[PDB]
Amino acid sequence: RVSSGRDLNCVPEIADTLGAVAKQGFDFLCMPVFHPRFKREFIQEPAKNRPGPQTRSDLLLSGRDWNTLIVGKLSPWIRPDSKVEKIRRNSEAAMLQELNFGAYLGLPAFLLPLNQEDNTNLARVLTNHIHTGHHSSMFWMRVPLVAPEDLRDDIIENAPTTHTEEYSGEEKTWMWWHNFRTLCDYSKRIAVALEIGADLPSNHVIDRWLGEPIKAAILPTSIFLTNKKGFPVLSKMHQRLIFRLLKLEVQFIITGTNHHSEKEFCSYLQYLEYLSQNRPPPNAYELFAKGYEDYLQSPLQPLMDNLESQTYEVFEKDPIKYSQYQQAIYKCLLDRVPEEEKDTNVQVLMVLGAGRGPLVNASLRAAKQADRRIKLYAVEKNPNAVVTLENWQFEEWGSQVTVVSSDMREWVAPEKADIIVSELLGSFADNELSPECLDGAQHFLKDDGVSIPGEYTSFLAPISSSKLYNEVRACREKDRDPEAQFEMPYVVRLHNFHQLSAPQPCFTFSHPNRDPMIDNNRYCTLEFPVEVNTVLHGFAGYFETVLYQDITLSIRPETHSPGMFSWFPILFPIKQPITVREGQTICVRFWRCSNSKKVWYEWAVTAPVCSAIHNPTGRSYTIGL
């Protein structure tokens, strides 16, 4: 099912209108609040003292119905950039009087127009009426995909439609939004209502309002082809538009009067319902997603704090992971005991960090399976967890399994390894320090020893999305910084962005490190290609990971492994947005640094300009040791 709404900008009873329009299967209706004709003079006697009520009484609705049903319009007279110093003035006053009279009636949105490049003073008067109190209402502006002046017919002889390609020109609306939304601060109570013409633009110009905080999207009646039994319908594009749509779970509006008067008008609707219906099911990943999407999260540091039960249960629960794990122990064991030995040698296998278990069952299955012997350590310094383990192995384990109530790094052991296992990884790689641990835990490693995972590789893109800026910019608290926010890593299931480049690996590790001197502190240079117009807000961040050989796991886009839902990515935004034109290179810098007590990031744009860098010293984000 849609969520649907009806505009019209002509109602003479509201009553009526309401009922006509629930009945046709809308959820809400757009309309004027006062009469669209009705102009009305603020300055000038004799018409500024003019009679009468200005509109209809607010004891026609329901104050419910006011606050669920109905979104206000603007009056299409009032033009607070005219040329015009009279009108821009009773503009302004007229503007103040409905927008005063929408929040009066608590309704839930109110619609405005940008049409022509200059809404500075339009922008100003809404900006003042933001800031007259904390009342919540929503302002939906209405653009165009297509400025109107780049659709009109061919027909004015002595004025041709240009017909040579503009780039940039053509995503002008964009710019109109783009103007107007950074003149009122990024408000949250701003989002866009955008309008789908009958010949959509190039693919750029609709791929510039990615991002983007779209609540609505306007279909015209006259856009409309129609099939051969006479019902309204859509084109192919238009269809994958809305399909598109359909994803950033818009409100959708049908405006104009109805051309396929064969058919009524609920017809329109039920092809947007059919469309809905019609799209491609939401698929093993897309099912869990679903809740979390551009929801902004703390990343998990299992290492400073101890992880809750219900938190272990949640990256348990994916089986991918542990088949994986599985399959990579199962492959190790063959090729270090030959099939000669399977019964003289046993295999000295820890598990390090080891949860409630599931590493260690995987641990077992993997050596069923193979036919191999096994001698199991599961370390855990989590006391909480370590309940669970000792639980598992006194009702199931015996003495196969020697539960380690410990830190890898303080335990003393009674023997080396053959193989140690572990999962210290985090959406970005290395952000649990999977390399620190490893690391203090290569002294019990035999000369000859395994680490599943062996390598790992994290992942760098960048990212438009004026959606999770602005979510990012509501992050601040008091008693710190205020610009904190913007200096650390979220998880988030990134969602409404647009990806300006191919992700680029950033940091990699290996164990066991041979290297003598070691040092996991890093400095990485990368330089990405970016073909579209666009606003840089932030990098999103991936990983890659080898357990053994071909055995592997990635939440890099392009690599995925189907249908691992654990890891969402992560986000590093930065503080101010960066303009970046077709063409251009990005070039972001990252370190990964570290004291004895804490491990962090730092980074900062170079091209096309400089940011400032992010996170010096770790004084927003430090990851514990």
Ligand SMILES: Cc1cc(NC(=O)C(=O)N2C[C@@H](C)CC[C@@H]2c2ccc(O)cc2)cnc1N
Second form
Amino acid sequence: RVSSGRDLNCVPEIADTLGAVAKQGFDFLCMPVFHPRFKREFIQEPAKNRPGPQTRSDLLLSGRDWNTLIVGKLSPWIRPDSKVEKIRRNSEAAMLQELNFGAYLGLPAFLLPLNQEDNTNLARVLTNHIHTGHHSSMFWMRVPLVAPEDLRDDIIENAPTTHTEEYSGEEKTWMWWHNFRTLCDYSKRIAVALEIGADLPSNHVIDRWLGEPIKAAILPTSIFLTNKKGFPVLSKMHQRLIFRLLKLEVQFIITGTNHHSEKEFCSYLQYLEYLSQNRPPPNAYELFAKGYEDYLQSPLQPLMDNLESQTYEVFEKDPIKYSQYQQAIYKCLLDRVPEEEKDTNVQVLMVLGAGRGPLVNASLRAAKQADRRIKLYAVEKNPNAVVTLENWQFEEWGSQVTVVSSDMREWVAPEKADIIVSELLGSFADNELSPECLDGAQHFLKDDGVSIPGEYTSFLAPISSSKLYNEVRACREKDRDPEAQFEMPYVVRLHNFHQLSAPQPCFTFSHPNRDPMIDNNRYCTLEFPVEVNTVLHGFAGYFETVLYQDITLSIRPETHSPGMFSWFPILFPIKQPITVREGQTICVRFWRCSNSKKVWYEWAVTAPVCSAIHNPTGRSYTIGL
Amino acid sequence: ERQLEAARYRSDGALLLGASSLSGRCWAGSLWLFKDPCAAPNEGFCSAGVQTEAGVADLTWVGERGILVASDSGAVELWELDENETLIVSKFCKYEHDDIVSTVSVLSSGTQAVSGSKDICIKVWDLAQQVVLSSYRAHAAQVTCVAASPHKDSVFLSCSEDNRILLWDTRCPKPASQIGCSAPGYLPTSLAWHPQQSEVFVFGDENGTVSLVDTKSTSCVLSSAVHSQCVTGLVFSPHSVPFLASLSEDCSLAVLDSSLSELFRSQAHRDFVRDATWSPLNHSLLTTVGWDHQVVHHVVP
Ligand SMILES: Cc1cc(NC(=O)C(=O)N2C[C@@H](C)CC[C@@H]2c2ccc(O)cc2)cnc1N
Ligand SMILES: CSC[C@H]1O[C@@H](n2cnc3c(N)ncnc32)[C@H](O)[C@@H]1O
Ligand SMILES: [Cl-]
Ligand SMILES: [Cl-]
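Same protein, the form solved in complex with the ligand this time rather than the form deposited without the ligand?
All chains and molecules follow, beginning with the one already shown.
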């Protein structure tokens, strides 16, 4: 179903009106809190001394109704950015008055318009109201997709509408927001209600509002086409847009009167409900991850830390990845043990980070599928998990599997391995220290041994999400650097965001790394062609790995393994956002740094502007060895 | 309904009053008729009265029986006076605007009318067929005032919060035409056509400056700082060489000569001065209303 609201500017009887919108089928109501035409004076006698009441009473609805059903609207006569001093001062007072009454009623949200370039003093007044007593009040800025000025009919004889390609001119409306938002220093309390006019703009303009905090999408009854029967509908392009906004789960607001006078107000609402319920129903990935959207989480360190039962459980609850691991082994066996040698030759096969043993069970299924002998080690550092293995080893596997309970770096193995099998790959691949781990465990690999995987590779994409930028900025904690939260990565199901360039590869690792100058430290420069006027907030992190030959795993969206939920993207944010002009190159630099004990990333932006070097000397984020 | 919005004298000494409630439980509106113009605003000594669905923002006569309403609902309403002028029955109610209808104006003919709104659209109505002929999104902001040419139907003014003043002519392919002072002056608020020089008009701005404009010359010939605040309405006298009544949000009426100099000034109102009409019987009597529910009668030297 869809969360739908009715926008009115005329409310005769608030009891009746709200009674009607409810029956029509709306979840809430936007209404003016004071009468919209009832201008008020605060300075000049005799109008200031106007007898009250200034507005209808609070007792007209339950506190619940005010808290759940009513969105407040700033009266349209209030003009805090007027050129006229007196109108400013008066509008300032009126604006606080209406905001403060809104907060008195405990209203979920309050509406304010952007419909002009200079909204400075409006931001200033709101920013004050906000920074005046912490309160759950929410603010919907009403921003039009296309300026009124650029939508007007070309009917003015001496000021015509210019028919010349205006790339930045058609983005002007978003700059309004950006500036306002920026003056209010990225308040969590300030979102966008996006007003959608009859003529959509170019894709590239609608692409701007990706990664912007859209709590609402306003649809005037105008923009609706009329069909064969008489019902309201929308252009195929308007629909695509709705389907884009339904994925952000916006509240849909219906403004303007009923121009389909042969139906109800059901009609408009019902078309929306029909659109939403005939959308590509959720795939394996989307369905599983439906809670974790733009949810920041610290990246796991299965080395330094021991994972929990239910942590290991969701790793195992991913069938595709283990089919792939099983196949990968299946092939390697055949390639290694000739058909004729099948019974005379057993393979020494060592899982390195065996967890609760889904790779061990995969290693079994793979062997009897490929009819070759295997002896299994299951090396595991985490002694809580080792309990689970030894309980499998005893009950079901028997002495085929030899459960080893040490660090694969430490272990003094009895024989050498044909195949080592590791799953110790994070979301940026090398961010759990597979390279350091499998380097330490290399000395007991047979001189001709295979690693599964043998190659893995990390990928960065620049992204814009003032939303996720606000999520990270909200991770500041007492008793550490106040910006520390920007100098560390987060595993997040990136949702409300915008990819600005196609992912390029960052760091690649090989196993066995036979090189005599083994050095897992790195410096990779990346140059990202950008083709929009957007704002940089951080870098999406993905990975691909070769398990063995044509069997691979990827979370890199383009080559993404189908139906594989063991992994979400990582996100390297940056402190100050960076404006990027169209056709400019984003240059980001990455280092993999290491001493005896820690492994960390440092990262900087060198273009278009220079950023500050993030996480110098792993001071804000290290990975324990 | 304490907030009286419109005050229009008929061509027979009778008085029309348009009121909205801009506070309290109910945000409604009414239309009243007073065959005794000195007996207002008293509800008990009124010839005829009716409650609209919702408020009135602007109100004009449509001849001798007809009343044209700009409702907050977005509806333009036509109210036919009774056979015996005792009742005020709805002729038509037509929801064609998508916000408050802020202004209405009847065209020289009087079987057609224009209507400005807060949705930025202007519309031309057939009051006979009861449908919208034309729908024009000229402006970049909510339509402050529309005023029909007194003599030509196709021609009329609209001004708006986009700081534009548009001279219209519904006979062209590009009907609207942007005019006014040299630079972008403060916002226009009210538009009075000159009764006896259809070439010229006056516009009131938001900073209390009434200006005089010649369409021919398309240049600001004269302008005066009349009020401290916004100019909400401008009505010319039926006088041979007419006076100009300027309303304001500073709760003062001023009456001006042809050269825009202050003849009369009234502090009678203690809230906003909303509308004003001259008496067609005595041309030196002028009836102003306000949101103070006062109906003051001015004797104009
Ligand atoms: C096999 C493997 C797998 C992973 N996977 C992940 O990190 C990951 O994407 N997660 C997102 C979701 C599946 C919930 C579990 C986990 C998580 C939990 C909590 C936290 O704070 C950070 C991530 C990492 N490393 C390895 N080696
Ligand atoms: C299955 S996800 C990671 C698993 O690999 C194991 N692991 C990680 N690092 C090491 C290491 N250095 N030696 C042995 N096991 C490890 C952890 O105990 C965890 O079960
Ligand atoms: Cl609020
Ligand atoms: Cl596991």
